[PDB]
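Listed below are the residues making up each chain.
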Amino acid sequence: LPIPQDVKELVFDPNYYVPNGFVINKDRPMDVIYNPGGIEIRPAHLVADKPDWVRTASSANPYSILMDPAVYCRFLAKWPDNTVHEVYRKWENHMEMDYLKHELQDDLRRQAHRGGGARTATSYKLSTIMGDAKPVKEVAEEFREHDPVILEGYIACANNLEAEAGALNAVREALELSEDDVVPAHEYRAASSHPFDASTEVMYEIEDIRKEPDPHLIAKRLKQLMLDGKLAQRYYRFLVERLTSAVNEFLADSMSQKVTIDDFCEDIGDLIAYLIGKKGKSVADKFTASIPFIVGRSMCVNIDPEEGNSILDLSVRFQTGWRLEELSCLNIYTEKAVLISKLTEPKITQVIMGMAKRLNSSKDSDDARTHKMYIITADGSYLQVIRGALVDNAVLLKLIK
Amino acid sequence: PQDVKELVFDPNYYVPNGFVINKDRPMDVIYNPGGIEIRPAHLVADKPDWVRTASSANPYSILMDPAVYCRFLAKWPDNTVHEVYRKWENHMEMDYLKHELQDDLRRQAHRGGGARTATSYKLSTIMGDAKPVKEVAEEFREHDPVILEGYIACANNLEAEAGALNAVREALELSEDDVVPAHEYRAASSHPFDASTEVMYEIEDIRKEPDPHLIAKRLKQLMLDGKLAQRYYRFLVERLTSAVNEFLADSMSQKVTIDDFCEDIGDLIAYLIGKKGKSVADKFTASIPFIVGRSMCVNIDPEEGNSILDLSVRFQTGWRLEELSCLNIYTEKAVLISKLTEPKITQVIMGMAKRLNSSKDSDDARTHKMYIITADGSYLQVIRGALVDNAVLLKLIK
Numbered sequence: 001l002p003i004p005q006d007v008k009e010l011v012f013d014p015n016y017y018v019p020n021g022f023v024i025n026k027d028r029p030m031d032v033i034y035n036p037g038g039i040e041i042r043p044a045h046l047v048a049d050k051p052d053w054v055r056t057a058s059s060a061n062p063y064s065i066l067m068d069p070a071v072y073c074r075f076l077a078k079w080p081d082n083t084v085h086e087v088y089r090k091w092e093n094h095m096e097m098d099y100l101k102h103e104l105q106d107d108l109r110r111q112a113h114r115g116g117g118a119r120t121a122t123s124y125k126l127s128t129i130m131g132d133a134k135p136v137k138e139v140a141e142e143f144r145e146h147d148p149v150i151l152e153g154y155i156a157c158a159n160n161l162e163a164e165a166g167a168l169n170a171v172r173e174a175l176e177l178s179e180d181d182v183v184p185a186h187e188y189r190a191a192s193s194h195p196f197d198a199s200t201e202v203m204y205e206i207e208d209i210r211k212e213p214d215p216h217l218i219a220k221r222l223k224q225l226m227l228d229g230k231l232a233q234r235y236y237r238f239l240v241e242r243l244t245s246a247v248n249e250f251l252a253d254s255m256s257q258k259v260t261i262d263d264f265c266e267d268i269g270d271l272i273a274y275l276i277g278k279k280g281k282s283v284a285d286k287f288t289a290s291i292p293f294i295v296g297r298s299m300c301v302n303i304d305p306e307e308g309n310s311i312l313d314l315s316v317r318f319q320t321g322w323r324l325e326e327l328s329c330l331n332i333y334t335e336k337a338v339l340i341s342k343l344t345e346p347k348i349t350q351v352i353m354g355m356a357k358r359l360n361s362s363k364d365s366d367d368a369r370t371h372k373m374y375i376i377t378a379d380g381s382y383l384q385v386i387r388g389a390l391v392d393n394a395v396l397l398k399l400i401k
Numbered sequence: 001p002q003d004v005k006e007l008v009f010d011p012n013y014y015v016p017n018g019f020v021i022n023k024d025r026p027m028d029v030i031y032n033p034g035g036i037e038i039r040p041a042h043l044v045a046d047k048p049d050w051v052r053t054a055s056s057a058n059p060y061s062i063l064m065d066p067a068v069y070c071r072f073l074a075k076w077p078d079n080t081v082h083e084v085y086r087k088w089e090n091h092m093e094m095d096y097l098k099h100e101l102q103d104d105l106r107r108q109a110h111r112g113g114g115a116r117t118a119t120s121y122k123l124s125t126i127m128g129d130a131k132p133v134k135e136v137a138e139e140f141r142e143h144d145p146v147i148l149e150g151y152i153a154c155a156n157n158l159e160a161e162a163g164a165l166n167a168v169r170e171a172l173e174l175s176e177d178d179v180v181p182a183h184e185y186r187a188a189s190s191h192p193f194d195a196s197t198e199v200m201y202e203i204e205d206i207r208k209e210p211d212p213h214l215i216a217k218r219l220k221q222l223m224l225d226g227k228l229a230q231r232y233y234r235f236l237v238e239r240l241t242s243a244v245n246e247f248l249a250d251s252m253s254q255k256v257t258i259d260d261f262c263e264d265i266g267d268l269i270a271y272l273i274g275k276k277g278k279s280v281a282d283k284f285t286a287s288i289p290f291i292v293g294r295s296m297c298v299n300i301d302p303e304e305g306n307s308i309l310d311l312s313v314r315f316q317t318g319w320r321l322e323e324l325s326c327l328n329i330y331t332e333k334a335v336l337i338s339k340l341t342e343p344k345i346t347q348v349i350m351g352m353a354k355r356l357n358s359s360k361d362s363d364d365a366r367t368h369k370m371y372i373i374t375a376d377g378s379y380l381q382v383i384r385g386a387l388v389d390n391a392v393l394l395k396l397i398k
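The listed protein sequences correspond, in order, to chains A and B. This note's numbering puts the first residue of the first sequence at 1, with every later residue one more than the last. This note's numbering puts the first residue of the second sequence at 1, with every later residue one more than the last.
The hints are simulated quantities; they were obtained by calculation from the structure and are not laboratory data. Some hints here could point you the wrong way.
[Said to hold, decoys possible] Here are a few chain B residues that sit away from chain A, every Cβ distance over 12 Å (derived from the structure):
| # | residue |
| --- | --- |
| 1 | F19 |
| 2 | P26 |
| 3 | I36 |
| 4 | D65 |
| 5 | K208 |
| 6 | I269 |
| 7 | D282 |
| 8 | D389 |
[As the list claims (entries may be wrong)] Once the Cα atoms are required to be at most 25 Å apart in a straight line, the calculated SDA-like pairs of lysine to any residue come out as:
| # | chain 1 | residue 1 | chain 2 | residue 2 |
| --- | --- | --- | --- | --- |
| 9 | B | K333 | A | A252 |
| 10 | A | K401 | B | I397 |
| 11 | A | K281 | A | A394 |
| 12 | B | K227 | A | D181 |
| 13 | B | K333 | A | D267 |
| 14 | A | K401 | B | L396 |
| 15 | B | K47 | A | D267 |
| 16 | B | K227 | B | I206 |
| 17 | B | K255 | A | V259 |
| 18 | B | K227 | A | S127 |
| 19 | A | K336 | A | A356 |
| 20 | A | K220 | B | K398 |
| 21 | B | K339 | B | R52 |
| 22 | A | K8 | A | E40 |
| 23 | B | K255 | A | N248 |
| 24 | A | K372 | A | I65 |
| 25 | B | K220 | A | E326 |
| 26 | B | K47 | A | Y274 |
| 27 | B | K369 | A | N159 |
| 28 | B | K227 | A | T128 |
| 29 | B | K395 | A | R242 |
| 30 | B | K220 | A | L104 |
| 31 | B | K354 | B | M252 |
| 32 | A | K125 | A | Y382 |
| 33 | B | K398 | A | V259 |
[Said to hold, decoys possible] Examples of chain B residues toward chain A, derived with CB under 7 Å:
| # | residue |
| --- | --- |
| 34 | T119 |
| 35 | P192 |
| 36 | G226 |
| 37 | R234 |
| 38 | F235 |
| 39 | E263 |
| 40 | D376 |
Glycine included, every Cβ here is placed at the ideal spot set by N, Cα and C.
Based on the provided sequences and hints, a complete structural model is requested.
Next comes the structure, spelled out in structure tokens:
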């Protein structure tokens, strides 16, 4: 009878409140649930493609929360004001929900993402043990399944599959594993090189521009390098489009802003002034503080006289034995990024914390400013570990599409 | 005026009440009876109400010579935006507009002037039909466009460009101070597969299958039987879905999108038959071999390992993007190449297409993308347009 005001107050019983004209499905009791005040609770997978059932990012919960699908079921609750909130109900607490679970395991569309029959997520045996990672040297020296490991050095990659193959070969060589042994979840570093035919002094100048804390100075100095003929327009435009793409990515995902810039070197000052004026001071200060991270990711310069100077795409990647639909519910497909809370499985928080600590151990923590962060599921999904601006110290996983 | 051809290019031809013509910038706004309003394209590039309206007569933008024609957008009372290209030599009063495009602070990254150089080397601005490198080298003035042999292993665009430049320099025995001609080459990138050779051959056979339903069924069945790992199946399905969506958005101008190829290709075919007619669906089905060949090109090498190839034929020109085309290349998804386009670009494209079709069973034409790379580094993919018969489009890669 009482009307719930928030998520926790909702009653999980199809027979608790039954309005006129609604017939409860006998074999599908959980398909729709009604609560007083007009609250509609439906399984998320049954309303994934409906435009009127998208999560509402608000001040309290601007981010969709990541929870374990094997333990929790994700419902969407729609209120009279059309605000859609996540609800997470434990599988063991409500037995009458079991069929929904079976749906997610046995639908034709989810066969590409879930186990069953002769399906194998990987061409090899990938361990499902998760937790903190350890250096691969001590793991090899100690040797049961291997614990998650860390590979030293770097892996040169042309694409994602090349990086994964190199990482798998590195783990197999470090642990002296066979083709049939169960390889563990692993942490590694990936580098992609884009050669630059520019003078070494120009490379040093762009490198020093990267370390500049003032974005206006960064843009002015890069454009001045372009205008003097020191940097070819091809390479300048390449760097500019990379900076623009990274800035737009940070604005869209990390800050949840609908604002985009066409090109960095002419519009970074305008964007910062806009963030001063329309979005308040604090949002602009956090954007400015994250500007070094964006510029380090986009404009990392490698200067080696042997094989030539280049621009680096640097990342740290944690390959887990869990599939995307075993690590996450279906919201990972419907949201730009998912927040990691206390209710989230502690092991993913542990792996992300270990990755962050290893990034911060570099000189001046510069690696944390120049490396992207990824968790690769067994079935090949990439989840970039990014920072969230709407919540302090918020860590997000963004599915790479 | 009832037509684009009937537009009067005179600011003083029709002056509405309350409007004052700027003496220093008279070409900014043009008024024509009925409410037709013509403005330069680069003054209205950021306005959401100044986007070209694709119709039956002109479904695509037109690639043009920026040094010969100036782009203007004409807005009609029914909110339809059309293109008008007006020659520089026919209007002196438009000259300042040209200077703007040459001297704007924003455009300094794309145009010449001062000490700006598009490339770190000297690249010839001679376009035309390309010739095999050996005869051109043995013949030796600036070189004519050149064709290289083999494939350049590339990890990214910059690596491919560097490899092509090195190949041209070595084959034409050019020094660092010599002018390098525009050159056509081939690029190949490999995504390794930890799949059995039999499964790879089955995937290759599925690629040649003309029925998309059979492609989906056979690939899904390979996944479900455990012969194809879910990781590689999802990789291939992601590539197929991306390619199908790209073909729909670019080649067919269709807003329809799919999420999984092997799950929704039949639904997409049924939707195209039901709502778009048999002709559109048949066009998509006939293009299916090209899409599947580009997405699932299978390389089987017992030494280097089996892989999925991204194959392309790229012609590096000496002209910058803003010296090859107007600013429409930034606004439109793709631009159509007509008889009004510079004949050199069409010559290059037909040469690349002919060299593609010279392969056995025209197989390369089904597995290769085509690119024109400008001097300052823009990539223009040559695609086919389903809205006009034999329509060639250049799509700026962003």
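We went through each hint and held it up to the structure:
no., hint, result
1, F19, "30 Å, holds"
2, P26, "28 Å, holds"
3, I36, "29 Å, holds"
4, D65, "20 Å, holds"
5, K208, "23 Å, holds"
6, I269, "17 Å, holds"
7, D282, "27 Å, holds"
8, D389, "34 Å, holds"
9, B:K333 <-> A:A252, "22 Å, holds"
10, A:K401 <-> B:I397, "17 Å, holds"
11, A:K281 <-> A:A394, "19 Å, holds"
12, B:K227 <-> A:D181, "19 Å, holds"
13, B:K333 <-> A:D267, "23 Å, holds"
14, A:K401 <-> B:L396, "20 Å, holds"
15, B:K47 <-> A:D267, "17 Å, holds"
16, B:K227 <-> B:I206, "14 Å, holds"
17, B:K255 <-> A:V259, "24 Å, holds"
18, B:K227 <-> A:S127, "20 Å, holds"
19, A:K336 <-> A:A356, "21 Å, holds"
20, A:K220 <-> B:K398, "24 Å, holds"
21, B:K339 <-> B:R52, "20 Å, holds"
22, A:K8 <-> A:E40, "14 Å, holds"
23, B:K255 <-> A:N248, "24 Å, holds"
24, A:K372 <-> A:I65, "22 Å, holds"
25, B:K220 <-> A:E326, "21 Å, holds"
26, B:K47 <-> A:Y274, "18 Å, holds"
27, B:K369 <-> A:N159, "18 Å, holds"
28, B:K227 <-> A:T128, "21 Å, holds"
29, B:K395 <-> A:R242, "19 Å, holds"
30, B:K220 <-> A:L104, "18 Å, holds"
31, B:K354 <-> B:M252, "24 Å, holds"
32, A:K125 <-> A:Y382, "19 Å, holds"
33, B:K398 <-> A:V259, "18 Å, holds"
34, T119, "5 Å, holds"
35, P192, "5 Å, holds"
36, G226, "4 Å, holds"
37, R234, "5 Å, holds"
38, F235, "6 Å, holds"
39, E263, "5 Å, holds"
40, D376, "5 Å, holds"
Checked against the numbered hints given earlier, this structure breaks none of them.
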